[PDB]
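Protein chains: 4
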Amino acid sequence: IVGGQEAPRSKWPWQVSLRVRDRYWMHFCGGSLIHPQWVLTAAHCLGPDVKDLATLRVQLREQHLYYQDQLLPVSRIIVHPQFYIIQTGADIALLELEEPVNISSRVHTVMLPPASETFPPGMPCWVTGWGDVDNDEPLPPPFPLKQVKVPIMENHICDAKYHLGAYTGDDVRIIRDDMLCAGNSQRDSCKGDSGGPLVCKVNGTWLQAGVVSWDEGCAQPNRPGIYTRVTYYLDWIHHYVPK
Amino acid sequence: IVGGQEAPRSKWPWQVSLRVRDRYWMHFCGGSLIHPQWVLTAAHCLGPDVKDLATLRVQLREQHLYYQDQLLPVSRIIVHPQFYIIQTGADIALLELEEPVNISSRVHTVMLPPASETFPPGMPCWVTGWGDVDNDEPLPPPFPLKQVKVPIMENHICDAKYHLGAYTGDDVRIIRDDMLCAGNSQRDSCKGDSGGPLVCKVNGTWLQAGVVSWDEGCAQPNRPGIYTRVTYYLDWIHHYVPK
Amino acid sequence: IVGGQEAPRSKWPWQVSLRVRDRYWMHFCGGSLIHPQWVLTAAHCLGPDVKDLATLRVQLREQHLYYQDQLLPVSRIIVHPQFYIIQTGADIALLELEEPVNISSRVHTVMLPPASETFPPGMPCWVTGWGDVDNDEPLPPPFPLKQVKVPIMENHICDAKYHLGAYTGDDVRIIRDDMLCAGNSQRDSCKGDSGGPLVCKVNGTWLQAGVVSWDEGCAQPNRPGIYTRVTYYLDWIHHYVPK
Amino acid sequence: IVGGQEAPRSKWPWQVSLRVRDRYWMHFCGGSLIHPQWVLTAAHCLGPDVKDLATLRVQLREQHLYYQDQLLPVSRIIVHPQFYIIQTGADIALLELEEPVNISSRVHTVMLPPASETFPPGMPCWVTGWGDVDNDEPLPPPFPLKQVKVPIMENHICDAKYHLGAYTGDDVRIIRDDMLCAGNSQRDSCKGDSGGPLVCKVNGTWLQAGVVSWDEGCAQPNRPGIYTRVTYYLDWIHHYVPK
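Protein chains in written order, with the UniProt record's numbering: chain A, 31 to 273; chain B, 31 to 273; chain C, 31 to 273; chain D, 31 to 273.
Hints are computed from structural coordinates only; laboratory data are not their basis.
Incorrect hints may appear among the rest.
When chains are identical, the list treats them as one kind, so a pair holds in a single copy or across two.
[As the list claims (entries may be wrong)] DSSO-like cross-link-like pairs, simulated, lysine-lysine; straight-line CA separation at most 30 Å:
no., residue 1, residue 2
1, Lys221, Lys41
2, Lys41, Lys273
3, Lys191, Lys81
4, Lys231, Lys81
5, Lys191, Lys273
6, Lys81, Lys179
7, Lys221, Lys81
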């Protein structure tokens, strides 16, 4: 998270951290608890080579990474079959927890949004995660979960920006319909926020508009952060997740 | 070049080295002389952002990189407008030299293939360049130009290979028609060979079949090196390159 | 600490972490509270050049580094004047806290040994710290204080060990009288434990035998960790820290 | 070499490069040809662990490192027995080549100084090598041999300077009599020059005054490069080298 602040203990109870097995259970991506036994994250986080569930683990909302851990095994990993590389979209994936988690005031699902919901500029939206605080600047210990309000923009506007100072023809589309852009030169996601949630408060309710997909610009002018637009994938998501 | 050998001083008089100014005029990609004043290379080598001409120089055939540099200025950089990323093809570009080069026996142009040429498996082909000799193993000094013979395969055969061990659905195509695959677990291009030539001898003549596009495999099984199929872009090349 | 275990919340209440300000107050050396207002550490930790007091903080006993910090400012830094380099001894220093500290069973001083006290072999001693767990293997987060019991050995035995596999002359002393060696190929101190305590329980009382001086062996055979012999510098220490 | 320039091809015919077998025959230290079959260098270059002669070769004067290697085997290495660490001196060693070298105008020995020559300030002296051109800045390809004129200073003044900004007591000697200091804040040796020569022109003849010993300062104010004073070791040298 670039340009944000440490999150209040009470915020984002659906924020999760995906851990892979190395010298320790190291965070490699973020994700969200959309259902008691399901986690929404990014495809690029799980691929490219199919992984062994024994190596992955899910950690629930935690003020400080690695402190009070309690890893959870995963029974199933589903990566959208259209996914091949971030720049061509379909960067979304699901993790089936091994068993439901005890939902409480401190830990629960986030509501997915209505298919009709586009998220026009002005909508108050925040990205959260344990990513770098700047280009090649890791989140320093004790690793507080951070958040940052980011302006959301329309795809065609984002597409125009991406062509600025680039060789790519104006007529070739960079930003796809299954993507959503947010952030400016001072506020953005950054390395390690991938898979995590972009949430907007609509009618007093928090909805997950996106899944951090491209988090490497770290607030780079004319290259806002790119997110997988959840509305575009509800049917796929509901093909595996209930309620 | 992974698994090759140093090239004979007489071979590949079309090979060029693209240099960017850092503490010195450092090699960052290969290229090929296709006309006395035109160099053929990969688009991703010049991208993403539009580059200023004054930061780039071209170096003609050298047995050893950096030893006898005679850097040449570039007057025009033309990146294919369809190019955005390696995985979506159109990875090709042209550099117009500020001046034409003195053609001789040590240095001359390589011939482009007939639009009809498909370079089917079993065809005798070589990849050349100053790229790494293995993963995370840079070409050691004195940086001899290397070469390695590679088995060119068919697109669908490559497409299939790329799906092995991948979440990507056999439904979605990975290898496009403007791409060409070659190399195996022993012979392949590697980091730094990018933009260089893949040439094959056809009926007694060397023809440039491809341009190194994806060289990060370095002989990784089932992920062979990907090249830009030159036949596919002859129209686009001839719009700029005469003779 | 190599081959040790996480330490119980109740053990080693005199352990301290020295922080230098960078992107965050990063741990660079250990130390021991030996008086309500004085910390004992290694001279090589504060040198080579004189340091700005403001760049230094002291963190008292803590189970996990960074998680519950209560950084304390230092009023004086006193490096033993005889110190030039580790290998020539006198690797010892004193930090006078800006203010005395409240003592509890969780945080209190460690007693220095009597001038005559000797820690012959077979004697049970422990070394604690937040240093690497192995060569180039940083202690992973949440950085629990680690501990390990180490065999104290006889200098001449240590001196001879250090001459094994080296060109240095058998007749040239490597291990000085103000030094003391402990550890073996399985248990030892490692990068980052420097400045910390080597304590041995004697007559039912914990006494600090040494200060980690040379901790880069990380359980290397024939290169056991070297500590500064606290007894040797009792006079100097006493000339600054009362009682 | 810091603040220096490329050496004319006709200069320093005695410079040598010591190579260690890694991915290629890599330079790890300089040295000088002091006799058709003997090379003078620094002990620290050859240790600490005893080296296997199979992994070592000597390369005679070359204008550009690695470009025209003709590696030479070594039959014997003699590390001064008093050597332990650079800071305590005796940093000197000898390498006996398997065969004498044919001496030509391009490659020949450097003369050792008379026991009485003290090389006072003002003497015109030069240090040569292929080390870094500044702190953490490697000499770039094509790796020209570099040279730089350095002002020689008196041992006691050098010793005084090394105590400025240091905790080390003025009564503790840093610069020993077997040491010699040269260089200033703009001109000096740098990492990789170690082992190479410090030569001064005396009465129209080049005499090797020192062996680069401490070369990590790279023109750090009040921390001039330290060299092993050759006259101090003439006897040890002549015990092995003929003529």
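Consistency of the hints with the structure:
no. : hint            : verdict
1   : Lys221 x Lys41  : within (21 Å within a copy, 38 Å between copies)
2   : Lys41 x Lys273  : within (23 Å within a copy, 50 Å between copies)
3   : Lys191 x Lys81  : between (35 Å within a copy, 17 Å between copies)
4   : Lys231 x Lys81  : neither (35 Å within a copy, 41 Å between copies)
5   : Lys191 x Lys273 : neither (37 Å within a copy, 38 Å between copies)
6   : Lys81 x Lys179  : neither (33 Å within a copy, 33 Å between copies)
7   : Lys221 x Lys81  : both (21 Å within a copy, 25 Å between copies)
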